[PDB]
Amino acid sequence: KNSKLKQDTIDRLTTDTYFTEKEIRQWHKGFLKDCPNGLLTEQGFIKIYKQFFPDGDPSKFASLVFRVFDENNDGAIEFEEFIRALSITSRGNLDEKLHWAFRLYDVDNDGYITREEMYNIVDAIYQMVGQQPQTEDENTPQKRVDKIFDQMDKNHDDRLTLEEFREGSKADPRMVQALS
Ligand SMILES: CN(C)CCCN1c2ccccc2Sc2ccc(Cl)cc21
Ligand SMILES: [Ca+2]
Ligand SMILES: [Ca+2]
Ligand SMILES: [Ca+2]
């Protein structure tokens, strides 16, 4: 019964996250309000994003986030996955946050961010806003991303490793700023 919070789950969570046992039990109550039976599917996750961005279509972005939350790739976000992601994004140190962002941009999980993956995240963000925006010629989404990508791509091989992305993002936080 996915609804019941087991002690074994709490034990791993207090080891792996910055939440106390009392905080985890309180979060489990709120989690059950949005997800009474304890498992959030991708459609369920898209549905919550749609409510929050009524003038856009956040489906593409929500699906990208969902796959990073769903660490075991079983098609549902369990409470333990929710708490782990919340710990990283709301309490984690800068290296932990940037690793999470790297996983979001690395759509195919091959260990590299390509320009095309970065374009795709940006396009998804624009869709969520609800705008495929007309831009001046030098301000196109591709042009903006390309200049930031080029500065992070220190060996100019058209892909970003975790280290290129993380150190580059410390000098220029815009790619991860856009995620929030
Ligand atoms: C205000 N709230 C909806 C929580 C914040 C938004 N958001 C989110 C959505 C639904 C369930 C959990 C989360 S945590 C989170 C972590 C990373 C990113 Cl990129 C987004 C989110
Ligand atoms: Ca899962
Ligand atoms: Ca990739
Ligand atoms: Ca590179």
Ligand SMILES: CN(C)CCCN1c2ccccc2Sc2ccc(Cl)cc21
Contents of the next structure:
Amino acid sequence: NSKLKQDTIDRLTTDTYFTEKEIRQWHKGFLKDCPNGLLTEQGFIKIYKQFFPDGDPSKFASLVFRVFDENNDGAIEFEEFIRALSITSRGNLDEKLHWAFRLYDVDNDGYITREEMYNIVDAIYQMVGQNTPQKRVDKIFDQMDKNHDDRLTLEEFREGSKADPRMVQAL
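Now show me the form solved without the named molecule; what you just gave was the form deposited with the named molecule bound.
Next comes a single chain, given without company.
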């Protein structure tokens, strides 16, 4: 059933930054675009092509699709689409870096490895054209990997990702 149910709205308004009025209007758009209520991977990548016309965004969009597809059934339902957008577009910085941690930790083992990291950084370079991804990976691990075990925990990744505020740096 493709109808937005009230029980979906109640969990969404409880967990997300959106109001019911926003959810119901977003839902009419989502339905227009996705008549059976399911956003597919091809459809998702197509959105990334719109945002990034002059690279190949497909690798990165596939990685993001999998994080949006929380129940791993190969589709993004509406509730999934909204939960993800709430965090990324209205979340505080910790909520966003936690979502981003899930993006990198592709096997969900609780760590970002050097390989998982190279893979994201390579996907982003493919999405926008212009020294190597390998050098960026070494640099991130140099600052962020405090116990030198070639992996990043959520705390290391989140705290490393969090810059000192510009004003603090200035002092």
